[PDB]
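**Q** In case you want the letters, here they are:
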Amino acid sequence: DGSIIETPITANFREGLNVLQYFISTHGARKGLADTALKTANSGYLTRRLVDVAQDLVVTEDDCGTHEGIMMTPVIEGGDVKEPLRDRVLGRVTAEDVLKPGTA
Amino acid sequence: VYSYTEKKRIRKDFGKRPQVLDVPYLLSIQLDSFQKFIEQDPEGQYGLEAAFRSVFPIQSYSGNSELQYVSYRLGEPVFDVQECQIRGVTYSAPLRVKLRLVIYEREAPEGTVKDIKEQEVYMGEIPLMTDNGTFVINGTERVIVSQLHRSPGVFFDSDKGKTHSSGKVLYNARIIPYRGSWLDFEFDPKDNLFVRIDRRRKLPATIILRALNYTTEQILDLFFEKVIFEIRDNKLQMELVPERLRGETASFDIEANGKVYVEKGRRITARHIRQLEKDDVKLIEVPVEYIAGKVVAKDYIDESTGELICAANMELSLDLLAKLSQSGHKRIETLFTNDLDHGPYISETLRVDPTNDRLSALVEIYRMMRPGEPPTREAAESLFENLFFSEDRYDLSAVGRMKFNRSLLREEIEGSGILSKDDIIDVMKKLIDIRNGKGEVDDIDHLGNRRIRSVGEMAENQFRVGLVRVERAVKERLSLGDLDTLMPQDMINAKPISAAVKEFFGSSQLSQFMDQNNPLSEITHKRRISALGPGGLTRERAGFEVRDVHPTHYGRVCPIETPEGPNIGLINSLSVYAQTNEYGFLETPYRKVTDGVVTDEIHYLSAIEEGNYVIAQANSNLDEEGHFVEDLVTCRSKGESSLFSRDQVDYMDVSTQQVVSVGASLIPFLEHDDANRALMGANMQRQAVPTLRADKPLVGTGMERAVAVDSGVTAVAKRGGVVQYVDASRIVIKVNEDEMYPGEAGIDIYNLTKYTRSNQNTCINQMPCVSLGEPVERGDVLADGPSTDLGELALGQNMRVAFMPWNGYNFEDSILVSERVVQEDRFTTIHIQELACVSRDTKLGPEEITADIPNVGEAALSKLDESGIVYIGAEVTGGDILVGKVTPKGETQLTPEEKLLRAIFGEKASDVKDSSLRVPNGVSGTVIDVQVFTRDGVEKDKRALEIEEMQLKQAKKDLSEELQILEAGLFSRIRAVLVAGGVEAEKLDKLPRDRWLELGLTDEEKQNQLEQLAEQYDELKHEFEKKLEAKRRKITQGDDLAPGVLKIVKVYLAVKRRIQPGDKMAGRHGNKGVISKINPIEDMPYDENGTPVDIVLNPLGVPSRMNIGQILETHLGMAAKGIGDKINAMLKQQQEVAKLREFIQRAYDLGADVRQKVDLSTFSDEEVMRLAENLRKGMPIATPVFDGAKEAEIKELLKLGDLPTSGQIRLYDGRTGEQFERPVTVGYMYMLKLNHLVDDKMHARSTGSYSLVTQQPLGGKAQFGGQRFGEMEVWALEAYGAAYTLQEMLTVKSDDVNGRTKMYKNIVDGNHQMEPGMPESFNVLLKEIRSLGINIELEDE
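These protein sequence lines are chains D and C, in that order. The first sequence begins at 751 in the authors' numbering and counts up one residue at a time. The second sequence begins at 2 in the authors' numbering and counts up one residue at a time.
Worth double-checking, as some hints may not be accurate.
Capping the alpha-carbon separation at 25 Å, the derived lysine to any residue pairs in SDA-like fashion look like this [claimed, not checked]:
id: 1; chain 1: D; residue 1: 781; chain 2: C; residue 2: 447
id: 2; chain 1: D; residue 1: 789; chain 2: C; residue 2: 163
id: 3; chain 1: D; residue 1: 781; chain 2: C; residue 2: 158
id: 4; chain 1: C; residue 1: 1127; chain 2: C; residue 2: 1167
FYI, nobody ran anything at the bench for these hints, they're computed from the structure.
Hey, can you work out the whole structure from these sequences and the hints?
**A** In structure tokens form, the structure reads like this:
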């Protein structure tokens, strides 16, 4: 069912695993390996249908005159810095004469 | 103290727990099931006999004839298993049946009967089965897998929130037959009680109550107790029985008997009944909150006035209650509306149903199978009742009637395989009552509720239908003839039940080619447990009901012995000790209590009983003059677990391997492995293959001798005595008067296999293990086979292993192997494979077969018969002919300016196409057998007529030995009876037998014991008076090959698939990977012994594999093989006989934590030494999985290898003399080479075969095809912007005949360029679109 159990394995692979510790953890292993062997279809069929929609974007032209753009940010979830400015901006291009006072 | 052949071999267990039971012969779900399908059983309800007893006597519907029965039969075979490969025809014999006819007085009134006729007739075929528990079907061991299905009867599940306008939460009741059509009962989205007859569209659940014949207040008396109200002295009241509080949505507050009982909010769901029965309540008083919403169940009146108050099916209100307060007639009958208490869904759906009576409730069911067709009155009744009562269309067996009654909590141990028209009421009651907690779901995957369907049951299920669907011409024409002068046979066709029962083992939904990679794989194959087909689902149209685990698997079905990928859990294997009762419910062995302790009084118990008694786990431990050192006995039930005191126990497990199936039961450290690698271990040992110099698992479990006998792969002394001849294919023994049956010669025979094909083109062969004059006991081992070492199993070989990364090759369970492995010709595998040809029925009749292929490859012709066929014993490789199917060509144009060369000036002989059968480009190995067959009136061709004398030689010789071996026993018994008083009888064992008739013995009855044996002798030897011809004309036999074929031809190849890179290897602990270089003996690490290491395998991978048994087998193998290496040195210098005994005994004697002992002081100082040969391979070890030889015991036993007791050693490098920055994991592992074989799969192609359907390449190794550049492979070239490499695949390497035929030759232009013309697969599509009716054409730019 995906949720945790009151039945721990307080041992480790040098201390050993009894019949029950093997058998209970084998249910979680069967579930995970069966989802491994099936939930790929819920991503591969979607990937096949995606390319039909995605194909036409060959780099053909140069600036397209679109003097507008998205106000992107570092990934700042209000209270973390999960992605700095660098990784998200990586060889994209500006759409405004951006300026921020502070140190330089 | 150990047997006579154990003087060559004894295995050392280390285990800890109180087993009193060992391995049963693993094959029963084939064997006992095949018997009960084909048994003359006098009073049972299963198999062929029960199928006939369910249809016959056919006393005809026409009332003038009867086709009676008595019993089945099987007899009259002709093929045997050797011909069932060499020819190929399925090993089968005719089903024939005793049938009768009887007719009565047409003319008189005092005799009652007039005619009686009876006989046999044919009614089909049946495949045949070996002592080894196998079958042989179209050249191959095609074998039925058993099913694990929902038990027939009824089920009760809960669709607790699926979908639609309210995420609808449901509960249900659902019919599941053994054979037949269907019915479900549940609720609609709005929440009426509803039904799906034959699981078709929606019907209101009242319809079937009309069909089964119940009127509205009968439905109340069948499904509802009836609520009662009164009004007394100053207040309203209700009247009761002490269980009538079971569902109430209590907005309200109550006292009864003399305390509070219900309070604001506490819904009284049936859990609550255990407040009331203990308290005898029969009256209550309540708020008006339980005196409205209670529907009055009759009309009521008022004698205060002379008037009414209300009618039936009406509610209560404050004004109606005010008139009831006056009334005089102060009583009310009322309905239950409380949900589940009784379910009001019946009362309300009885007013949401157009049907009215039984005729409407059958006519509307005819519509539900026949919309827009007239409801033919009598067939409207049959169409429904024949869903559950037809001759063809319903059964449960006694097993499914038992499960039906069981899931309804009945007491009737009496009933029918059909339902009844009133059993259904209880199915509906359970649905009406369940739906918030009077009970819950029917415990589906409990292994006594899910059920086994064994091999003979799976065949039986076909005969329960075929006898009631196909017999039409018999069932028809039985009506018409004057059967006083005709017979119980005269219209029975014979074609269909031949193939349809032969090939129920060869092309059926569960009858695959058996997994003949090696013995362990076929032994577990015979006990595979499918979750698929009618009773389960598929790989595709299925969720987790077919793939996951449920705790009643404990002791019964091991969750790791399954294939991998999307195939996970779809097919499993039976645990070693497990079996089933007479219902196909799974069961397990247990130890059992008497007077205060878990005694050795062992039992077997069902999965259901594992949910009803206290079973202690294998942890627990006994005591001195007391009871248990186990103070707090850990216990288990239904697969769950607990802790209890001593004073609380009934049973215990007998072993740990009772939880484990065959492949898993050979993994000696599952105590230290994750399930994801235990799964691999349960399959790598099965993918393993026979090898030229096989060697045993030295580490082990004990199953290394069971699995050598669980399919007869080793011959074993079924009676025993003293060995009397031994030969590379033949073995005989002789016996004594302590066993010797009342007139036999005193003999057994134990002859052995030689070279044939198998289901994965593996080789098959056997060899002796005994010699002339050895005495042997009733269980001693007499021969060896494709995966053994002289009396125990060998699926592979041992190798020294360094668990370190090397110079790149071994990254991901991939494997380095030494040059030393190629030197010894080790992990070379041996195969037997088959190739064939034909000569078609021409207008004359024959077709050609010869060698003429001039100037096309002459050396690949040099090896042939007059008939164009290779010789038995010749080597062949890569392109040699095998069968001469030559074909002349033509070109023909030949005009006076087109005769360019041949037809005037040279090569003025044939232009035969290279079309004869040939060895595939990559195959290499000896021709081993050759055959020719034809329609039988043509006696067989010269190349078969020489092979007649090759096979005749063997029997012509052997029968000339057998006759002597036979009489040397029989006349030795007569000679012994004489020696008992006529002691001079050595004057007679030197004479012609006829001259023993000038004799006498004594004045005592030994004289007449001699006389009667001399009289009996001339009758006895008539056994021999047949034998030779009974093999001959199975070779010179012919068979028809259908209209279109006069003759067929074969050749067989011994393919020596050597050790090579790219081939696949493994060990028992789930390490699996490619051989990734062969390394010189010094291109490898070396030990603190100053000696290199045969194999190297990356440990950096291991922490992602989450398994450590692979390290423990490697370290315990270093002790186990190190014993044998030290023995090889010690046997030279010897030092002292007590020093030979020191090491050889101490190897067995060394232990401290153990149930067993190979106590070699209970064996003599030459039994110690005959054992030393098989100890040079290494010491064989045992360990029940979860009972095992843990780390501390390895660290004790290692003082025989004497290398560092860390298991982690100062390794060096052979190329450089260095020693590494730390000690490193080393030892010796048991290892395997696996039937993935790259050897067979060298498939590249320049050009070749083409599909006429599309001009595109064909695909397949079996087609020499081109391979698929797929849509994802196109996305990479699209993403790269690589348009010419992409266009290459799309035309000039595929369907564009113009493009590919120019591009191939564009090397001769020098200007190697494209020149395409048209993608023919698009040209095809431009006319397929027009063939549908869509117009499509082109423009220009």
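**Q** Run the structure past the numbered hints and jot down the numbers of the failing ones, going up.
**A** Hint check: nothing fails, all pass.
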